[PDB]
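There are 2 protein chains.
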Amino acid sequence: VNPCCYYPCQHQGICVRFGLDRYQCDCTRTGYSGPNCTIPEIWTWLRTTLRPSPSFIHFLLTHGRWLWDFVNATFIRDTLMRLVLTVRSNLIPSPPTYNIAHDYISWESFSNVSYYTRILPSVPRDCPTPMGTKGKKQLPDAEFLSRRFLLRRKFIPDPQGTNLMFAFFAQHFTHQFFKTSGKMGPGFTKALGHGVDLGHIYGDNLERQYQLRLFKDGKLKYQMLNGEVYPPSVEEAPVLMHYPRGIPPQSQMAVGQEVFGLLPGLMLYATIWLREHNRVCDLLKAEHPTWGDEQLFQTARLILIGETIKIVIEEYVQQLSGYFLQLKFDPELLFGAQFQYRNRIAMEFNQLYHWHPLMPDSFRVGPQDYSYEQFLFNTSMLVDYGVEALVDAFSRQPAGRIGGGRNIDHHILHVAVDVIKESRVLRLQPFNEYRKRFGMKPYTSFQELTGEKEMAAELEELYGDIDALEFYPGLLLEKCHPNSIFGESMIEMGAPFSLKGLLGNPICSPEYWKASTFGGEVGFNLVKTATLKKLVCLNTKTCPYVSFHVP
Amino acid sequence: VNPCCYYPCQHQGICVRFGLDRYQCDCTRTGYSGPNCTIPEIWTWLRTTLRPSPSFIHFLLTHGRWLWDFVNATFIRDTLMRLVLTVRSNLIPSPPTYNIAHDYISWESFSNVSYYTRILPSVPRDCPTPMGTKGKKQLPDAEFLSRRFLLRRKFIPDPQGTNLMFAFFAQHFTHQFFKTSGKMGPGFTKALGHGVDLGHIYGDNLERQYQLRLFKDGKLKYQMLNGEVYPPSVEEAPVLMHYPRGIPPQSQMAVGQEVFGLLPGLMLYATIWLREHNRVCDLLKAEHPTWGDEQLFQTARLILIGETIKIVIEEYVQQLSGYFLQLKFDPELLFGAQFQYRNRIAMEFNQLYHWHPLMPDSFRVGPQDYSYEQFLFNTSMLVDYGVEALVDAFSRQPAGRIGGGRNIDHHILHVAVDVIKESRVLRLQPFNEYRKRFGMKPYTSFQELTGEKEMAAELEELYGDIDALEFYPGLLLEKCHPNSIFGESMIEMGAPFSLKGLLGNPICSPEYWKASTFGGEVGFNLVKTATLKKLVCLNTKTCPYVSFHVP
Ligand code: HEM
Ligand code: HEM
Ligand SMILES: *[C@@H]1O[C@H](CO)[C@@H](O[C@@H]2O[C@H](CO)[C@@H](O)[C@H](O)[C@H]2NC(C)=O)[C@H](O)[C@H]1NC(C)=O
Ligand SMILES: *[C@@H]1O[C@H](CO)[C@@H](O[C@@H]2O[C@H](CO)[C@@H](O)[C@H](O)[C@H]2NC(C)=O)[C@H](O)[C@H]1NC(C)=O
Ligand SMILES: CCCCCCCCO[C@@H]1O[C@H](CO)[C@@H](O)[C@H](O)[C@H]1O
Ligand SMILES: CCCCCCCCO[C@@H]1O[C@H](CO)[C@@H](O)[C@H](O)[C@H]1O
Ligand SMILES: *[C@@H]1O[C@H](CO)[C@@H](O)[C@H](O)[C@H]1NC(C)=O
Ligand SMILES: *[C@@H]1O[C@H](CO)[C@@H](O)[C@H](O)[C@H]1NC(C)=O
Ligand SMILES: *[C@@H]1O[C@H](CO)[C@@H](O)[C@H](O)[C@H]1NC(C)=O
Ligand SMILES: *[C@@H]1O[C@H](CO)[C@@H](O)[C@H](O)[C@H]1NC(C)=O
Ligand SMILES: O=C(O)c1ccccc1O
Ligand SMILES: O=C(O)c1ccccc1O
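Going line by line, the protein sequences match chains B and A. Per the entry's author numbering, the very first residue in the first sequence carries number 33; after that it's consecutive. Per the entry's author numbering, the very first residue in the second sequence carries number 33; after that it's consecutive.
Treat the hints with care, as some may be off.
Partner residues are not named here, just some residues of chain B that face chain A (Cβ under 8 Å, in silico) [what the hints assert, rightly or not]:
| # | residue |
| --- | --- |
| 1 | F50 |
| 2 | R61 |
| 3 | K166 |
| 4 | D229 |
| 5 | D325 |
| 6 | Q327 |
| 7 | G552 |
Covered stretches of chain A, as calculated for chain B (at least 3 residues, CB under 8 Å) [what the hints assert, rightly or not]:
| # | region |
| --- | --- |
| 8 | 48-60 |
| 9 | 124-131 |
| 10 | 330-341 |
| 11 | 535-544 |
For the record, the hints were derived by calculation from the structure and aren't laboratory data. Even for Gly, the Cβ is constructed at its ideal location relative to N, Cα and C.
I would like the entire structure built from these sequences, with the hints used as guidance.
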């Protein structure tokens, strides 16, 4: 039996098989010694014995508004902000390690970027069970598993007050790096940027960019409807889009992210960001009359990437975390650390970001309450209503609790079923293993995972061992932090993926974080001072209620 | 007139144009303040006032064998070795900056790797002269310039004792990252690895790899001739090669670097390294009976990359530098520094590596003395003679002095003419500017550059201003260090390009420099203990004189 199936090596040691039987754990720089990397070093032991519970830390970061307000106003902010950054980022490896194709480091894994990387090698195809050593020889029927525990019965709204504006933002945003290759199979991605390259705006390939490009003042092609700016028509800018057959080019918006074409929510943001890139071009042109198209274009894109990363950290992540510490985007807090300004999308991080439970039961656009059947492909709602309008709406309606269970609207429940299946193809290791890998202690019972006894009892008969509970179901079915949108593992496993993928962008490097990179103090400030509100409102005839938090 | 043409911004400040006229220098983190980044900071001034002449340093590193021997045996070795590494690496920017297409940072420059990057933006196409502000309005006719100063009259051998074994090594080696795209124009490269990916052995693209692959024990296809191993035939492994029309597949060796097909020197090494990869596979298979093709293949490639980087630093660079300090390859000397494990090939670094003057007047293979006319495409010399034989030969014959002037054999003189021309297309800035950029003070006269008065006088009438002397000619025509293969600028500008491109490989990162990456302590040591001699001799029936230094 493959010894590595027993996941022998601890604390990130590497299981290497030898001989027919045998295996050896590589505990290089692990912090532990021993045959399974279990015997700590004085400092390592001392370090972990004092490491305060993730739960505790969370508690602190969410209480004492008063105390925190003071802190946010002292230097201690940056101090912490930096600390968070560093310690968080360390769990994610760089350079990348393994891929769907290699549970080893190989030059090809490091070079071929069509692959999504992974943090934990697959459960060896020669293990006795589909999870390794424990559990049933067959896993719960996803359809069922999804219908029994992820299927929304009564809408549970997210307590943080996360509204639709955030739900759509998160969607649209994450759809620039999660873009699994259809024809290539799972574990392959079309987004070769692996990060925030704003490729869903400019196109995932050069040709497609040139298509959406106006080639005048560095602008992106667009069109006027009701004397307002929207993306161009597929007719105008002949790019490939995904619209149900029967919808004509003249009625399709060309945009950069083929899929975005079906959900006014997506196209809404796609219009704001287009509008923005065009506006920035005009600014640049003022300062640089001597500038050319590309120079302008290229520079604008650099600025937006800046805007995007700021809004994402200070407004988005703030909301999602509910922390009282005011997060801050300042790539200089890292100029002292040993950070690698590079990022590669993890298949695990893709699963984890399947926050479908945010989606509501019905989409209320004022007195009007639309159905999925009226939302899902409506090629007119955007133009009809207008940016400002829809923004106000989405800003007001709440999105559902993410973690917790049974909160995924049936219209998109299939997605989650597919996620489970896909996971298995990827031979993803067990939830409990990942619990460890990301600093946590594994669950000892289904009753501990979920906060209750009922479904914890069924999962038990279903899976057979907490040590066999899968990644995604484990993430979605774990008990939620007091009044949080989700629980411990979501944060403890997601945050590193998130923060490494945000600071590890070439523009956060000391090399590019020069004001010249952005066209001067002008462009630079745009980056240094972005706001979700400024984003919408400067590109709309009238500023509505804009916020990730429902009023 | 474009103000940036005057190269106003000092010490790496960035010239940004503004308004029709105007310009502003971005001295962010430059070390200087001021309108042109000229007013130092106390520490910066203090730092440069003590910075000992590069010449001095060189002197020290080349005398006192006695004193050095002691030092090489103390910890002080590592100490220095590390220092060299860090301080050297800093001149090369990471992430990369500009490209043939953009004299600005642009996401596209950071993403599109078909581009060779550059350290210094081009001389703006709107400047009054082809070099900016100084010099003639037309540059010296390359053909002439090459015939008057680079054309060998009497062979000057390199004093360091560099032989042909080194000349060919350097050639073959550098032909894995210098691989300019024919159909794409200058400034475009086919080697998307930008470093030591050993792509000239395994192929520059996946398909081509699979072609040269045997798919058994992780081996590379090969063939037997005289009961000895050589690469396979183009017939056997149908890969694309470059052989004059009329040479049949059955008579062509398939190898990985299409061009290598024409020069027994290249194919000689290509055979050694193939032989090696196959041998390592056998080792791996012993330890890992349970291993598969890919696992074996992939792992072997990782080990060779290791071997290659060791031989390159400790034997190759040692010889080429003539230092008494014993250089050392230990990626851990960097685990403390803030280094970025990534590398991108500089167009400037490509020019600089055009060491054609190494090539002899005639190739002596024992009593036999062959002509270029008998060497240049001889599809049999290798098989005829045998690895061991040719190795001994090349190890004994000396190669010419690189720097100095008039030492390029006429058979390949065209190459240098083309280099000059190509430079101009790239609109490469002036030698003197690069002198500064890499820490040096610019030459004040042609007589100072060259050690003499004669040709210094002609270059003067030719160029018109030392401030107009071009990159390559300036490198090749500058006065050689006492008994060195070349002068100051070659080392001061080449070493950083070299050392950053050697340590900035993902395997030198603390993430991959685990013994598990190489299949265990076995593979690991292969890397940790490589020798040019071990390389040849373990793959040959008999060990000959092998060395980069002529006996
Ligand atoms: C009207 C609402 C939405 C619909 C109809 C929807 C549907 C889908 C579908 C069908 C897929 C493809 C996999 C499959 O075949 O099941 C997908 C993938 C995914 N969705 Fe959504 N989704 C919605 C909202 C969201 C939101 C709000 C987010 C952001 C949390 C999100 C995150 C993801 C992610 C990250 C993937 C993976 C994409 C990839 O790897 O290519 N989705 N979604
Ligand atoms: C029999 C000896 C050699 C011949 C016939 C030769 C010839 C050439 C030729 C023709 C090119 C293409 C450019 C052109 O059209 O002129 C080339 C490029 C170059 N050679 Fe050689 N060379 C020889 C030895 C060397 C050696 C010893 C080195 C190593 C120092 C070297 C380094 C280079 C470099 C780096 C390039 C640029 C390649 C690229 O960018 O694609 N060559 N050589
Ligand atoms: C990246 O890796 C994938 C898988 O190794 C490569 O895709 C396959 O490549 C082989 C050889 O060309 C083909 O037989 C397959 O049909 C390819 N497609 C898929 C979906 O597997 C891909 O070519 C690699 N890309 C690079 C640039 O190396
Ligand atoms: C890398 O950059 C080069 C130049 O920008 C791209 O090559 C050109 O791309 C355009 C659009 O496809 C074509 O019109 C040219 O014919 C292409 N070839 C050359 C030699 O310029 C190249 O496509 C880019 N590669 C990527 C992956 O972005
Ligand atoms: C108020 C104190 C702020 C400290 C900020 C540290 C950021 C959170 O750090 C996280 O802590 C977890 C629990 O120790 C670990 O498991 C994670 O690896 C780590 O990223
Ligand atoms: C015996 C002393 C060894 C010192 C090793 C330092 C490595 C050489 O360092 C070089 O020195 C040059 C001159 O100062 C600078 O111009 C270069 O930028 C730097 O890389
Ligand atoms: C190492 O791990 C294996 C598998 O979990 C176990 O059987 C073995 O006893 C462990 N050895 C030690 C010393 O912990
Ligand atoms: C599309 O939405 C509009 C409002 O924007 C609504 O009037 C119309 O009926 C919808 N069409 C469909 C097919 O749902
Ligand atoms: C800045 O540089 C320009 C161009 O070399 C020069 O004309 C100008 O006088 C300089 N200004 C200062 C203060 O050095
Ligand atoms: C090729 O080299 C061999 C020796 O290896 C020599 O005998 C033969 O004449 C050469 N052929 C050519 C065309 O130079
Ligand atoms: O810093 C965090 O804890 C965090 C948590 C969730 C999402 C983003 C984050 O930065
Ligand atoms: O360290 C150096 O000075 C050096 C010089 C030339 C070539 C390689 C090198 O490492």
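Here's how the hints hold up against the structure:
no.	hint	verdict
1	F50	6 Å, holds
2	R61	6 Å, holds
3	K166	23 Å, violated
4	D229	6 Å, holds
5	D325	12 Å, violated
6	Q327	6 Å, holds
7	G552	6 Å, holds
8	48-60	holds (count 8)
9	124-131	holds (count 4)
10	330-341	holds (count 5)
11	535-544	holds (count 5)
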